[PDB]
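Listed here are the chains, written in short residue letters.
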Amino acid sequence: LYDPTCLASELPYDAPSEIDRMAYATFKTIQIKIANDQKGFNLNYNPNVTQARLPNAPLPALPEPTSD
Amino acid sequence: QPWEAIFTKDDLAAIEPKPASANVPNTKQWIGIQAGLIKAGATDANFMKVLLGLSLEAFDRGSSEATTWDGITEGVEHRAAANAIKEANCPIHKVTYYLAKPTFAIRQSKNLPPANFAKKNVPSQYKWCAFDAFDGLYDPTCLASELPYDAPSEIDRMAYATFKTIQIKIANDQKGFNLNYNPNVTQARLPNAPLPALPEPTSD
Amino acid sequence: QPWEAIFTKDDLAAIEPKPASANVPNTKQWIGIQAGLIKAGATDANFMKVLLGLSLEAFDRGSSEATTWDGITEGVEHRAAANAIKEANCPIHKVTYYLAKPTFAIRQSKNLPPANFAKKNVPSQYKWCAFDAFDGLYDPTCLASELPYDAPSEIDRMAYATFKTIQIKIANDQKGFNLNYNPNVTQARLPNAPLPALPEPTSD
Amino acid sequence: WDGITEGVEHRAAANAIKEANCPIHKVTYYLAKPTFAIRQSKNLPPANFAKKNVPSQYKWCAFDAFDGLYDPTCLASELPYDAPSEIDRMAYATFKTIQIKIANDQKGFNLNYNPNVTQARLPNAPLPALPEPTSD
RNA sequence: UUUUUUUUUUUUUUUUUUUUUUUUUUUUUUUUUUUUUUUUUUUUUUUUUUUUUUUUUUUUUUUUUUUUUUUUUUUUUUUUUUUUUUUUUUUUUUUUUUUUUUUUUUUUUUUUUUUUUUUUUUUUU
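Going down the list, the sequences are from chains Y, A, P and D.
Numbers 175 to 242, taken from the authors' numbering, label the letters of the first sequence in order.
Numbers 39 to 242, taken from the authors' numbering, label the letters of the second sequence in order.
Numbers 39 to 242, taken from the authors' numbering, label the letters of the third sequence in order.
Numbers 107 to 242, taken from the authors' numbering, label the letters of the fourth sequence in order.
Where hints are given, some of them may not hold.
[Claimed, not checked] FRET-style restraints, in silico, Cβ to Cβ:
(1) D:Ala199 - A:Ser241: 41 to 51 Å
(2) D:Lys124 - A:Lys56: 35 to 45 Å
(3) Y:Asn222 - A:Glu103: 25 to 35 Å
(4) A:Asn210 - D:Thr200: 27 to 37 Å
(5) Y:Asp211 - A:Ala209: 19 to 29 Å
(6) A:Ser241 - P:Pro229: 18 to 28 Å
(7) A:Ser241 - D:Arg117: 37 to 47 Å
(8) A:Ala43 - P:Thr203: 32 to 42 Å
(9) A:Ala209 - D:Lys124: 27 to 37 Å
(10) D:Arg145 - A:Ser162: 30 to 40 Å
(11) Y:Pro221 - A:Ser162: 45 to 55 Å
(12) P:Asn127 - A:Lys77: 43 to 53 Å
(13) A:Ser162 - P:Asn127: 52 to 62 Å
(14) A:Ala51 - P:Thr203: 25 to 35 Å
These are computed hints drawn from the structure, not numbers from a lab.
C-beta atoms are modelled at their ideal positions from N, C-alpha and C, and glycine is treated no differently.
Kindly produce the complete structure, drawing on both the sequences and the hints.
This is the structure we're talking about:
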């Protein structure tokens, strides 16, 4: 929506609006979160070196009920 | 004790030194670029012309980013010219720093904002602040026959500082990679182990 | 009890001492510089001339930065002269501190602002505050036949303090490196382990 | 705002203005007087008068491009009413307060980050805290 | 299914210090969950190095042995109320001037009230 090379014969609404842009930044947080959820996967081995780290070992530990 | 002697202002004014920025290729590196770029098919004035092409690419791409960018310029393919820069042991940004102002000047007159503006989530207020080689806009050694707009403006400078945060962030994202081993010592730390843990839903 | 005796002002005034800054090379270190610099091909007045060249380089480069900077001066290559300074066990800045004012004076008269101004993101208001050896502008032992502009100005001094923050930041960036081992004890802490973790997207 | 004019849709024309890197106000500043003159002769007060809570005394003072009424370069074949009047000018200053207020409401937004650095400051964090019932 | 043909020795300590210091014989089980929900959600191809410090300064300065608990609340009330879609940038300064000018060491507390009276009176149009 901001990319100068992006195609566009006519945009009905200025979604690029700065308010929407900061909202898009907030949206980027979503993109980042999911990236952390999937891109954050630790590729610590190629040839199935599960002896170093087991599959799904990167899974976060269950949250404790205590504050600390 | 020569150091105890007074140099005398008359002699100081006779020095007439030149600024020596380190964000520009060394004379021998400029030659190294020639050895590659001229060899690549560029000649004479095309030397700067092709490098300007890359600087324009760097404007929308970056260091190795512009290096990967293809396209035959008035002298030679961007990648080929980029290789020449690499032969000189410099990043494209190094050359771009020297040709930052003319590069910006071109786009400023053609109204061509940085293509990575969107990617960097830079506020529209700072649309022209997303320039990797913005330092060349202030660098006294940077080339510049005429700049259409005073991008150096202090407001833009603080915006450039904000832009620097972007540069820092990405540096943290890539430069922050922990080179804790050379000969594949994964037993000390596994590949991609530096990857940040997934964020928790709790505040603490 | 000689310490109980009154020295008498008449005798105090008879002392006529000289300021003794530690930001300047020791007399023997000045000689060490001569042993290297004169050996490098410099002679007599060229001793100061070449060092001024380096101070000008330090203005746009820095300690080892100016050391890496090449270019044959009126006496010898900057790097060769820099080696002489290193032979004296001093940084180029050490010499530059002594020759800070004349150096600044040269550029001030030639209107040559620091090339690292852009790199340091120093506000244009403080364009001439980006000077590593700015302390020499106040140092009573620093050489100076004539300074075109009173850079020592208190406003500039506080700006120099802000500049000091830059110096501190970079120190934290490099001097802050944790020398937790000598004989490659990576088992205690791995190389580049001190690298700060990547910033999280959350506020906490 | 849409609507096809004698030449083309308002939005399309607005895009042209944006292509020139200008706000519509920029063009309006030049055409402020003729614009006001049209409405003044047609008795068409600003529709945002109500929104801005502008006193009826200053009904014709709610004009964003009022500066064009004084601007020597602004176009004007004939102005039905001297809106530039000093009384209206001070009213325009009061109107400027409106412009300033909205600027504070939107321009006052703190652009403290570019690449989504919400870790420094979260989105909508600049939002003013809810008013307390106490005087202090 | 893939490696060899990749690199060290010749680098440094002993002769440095403890035992002979203290617990058992102190308390729980017989307390509660499963049968609760996700996958099929998105990134890479984004950018830095080559930027600068050391050689700058403290210790040897002062407290403990000073005071509270045993004082009071819950059982009090809201949601179901309203905005967005409103407007700015592209406006201007630095390079202007002071310090080095004067006080402390001058005087009060220990002087007097509460326990006195209104609301329930009238405008907007």
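Exercise. Is 25 to 35 Å right for how far apart the beta carbons of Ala51 of chain A and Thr203 of chain P are?
Worked result: For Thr203 of chain P against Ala51 of chain A, whose Cβ atoms are near 33 Å apart, the range 25 to 35 Å holds.
Problem set entry | Range agreement (Cβ of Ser162 of chain A with Cβ of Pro221 of chain Y, hint 45 to 55 Å) | holds, 48 Å
Exercise. Given a hinted range of 30 to 40 Å, is it respected by the beta-carbon distance of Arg145 of chain D and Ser162 of chain A?
Worked result: The hinted range 30 to 40 Å holds for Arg145 of chain D and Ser162 of chain A, with Cβ atoms some 31 Å apart.
For this session: For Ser241 of chain A and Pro229 of chain P, compare the CB-CB distance with the range 18 to 28 Å and indicate the outcome.
Result: violated, 35 Å
For this session: Using the beta carbons of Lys124 of chain D and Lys56 of chain A, state whether their distance is inside 35 to 45 Å or not.
Result: Given a distance of about 44 Å, which is inside 35 to 45 Å, the answer is holds.
Exercise. Taking the CB of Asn210 of chain A and the CB of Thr200 of chain D, does the distance hold inside 27 to 37 Å?
Worked result: Check failed, 49 Å falls outside 27 to 37 Å.
Exercise. Between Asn127 of chain P and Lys77 of chain A, does the C-beta distance stay in 43 to 53 Å?
Worked result: holds, 44 Å
For this session: For the range 32 to 42 Å, tell me whether the beta carbons of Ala43 of chain A and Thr203 of chain P fit it or not.
Result: Taking Cβ atoms as reference, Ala43 of chain A and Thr203 of chain P lie about 35 Å apart, which means the hint holds.
Exercise. That 19 to 29 Å hint for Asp211 of chain Y and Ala209 of chain A (C-beta), does it hold up?
Worked result: holds, 24 Å
For this session: Go ahead and decide if the range 37 to 47 Å is satisfied by the Cβ distance of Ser241 of chain A to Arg117 of chain D.
Result: For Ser241 of chain A and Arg117 of chain D the Cβ distance comes to about 45 Å; the hint holds.
Exercise. Is 41 to 51 Å right for how far apart the beta carbons of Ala199 of chain D and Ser241 of chain A are?
Worked result: holds, 47 Å
Problem set entry | Distance restraint hint 52 to 62 Å, applied to the beta-carbon atoms of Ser162 of chain A and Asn127 of chain P | This hint holds: roughly 54 Å between Cβ atoms.
Checked against the numbered hints above, the structure violates hints 4, 6; every other hint is satisfied.
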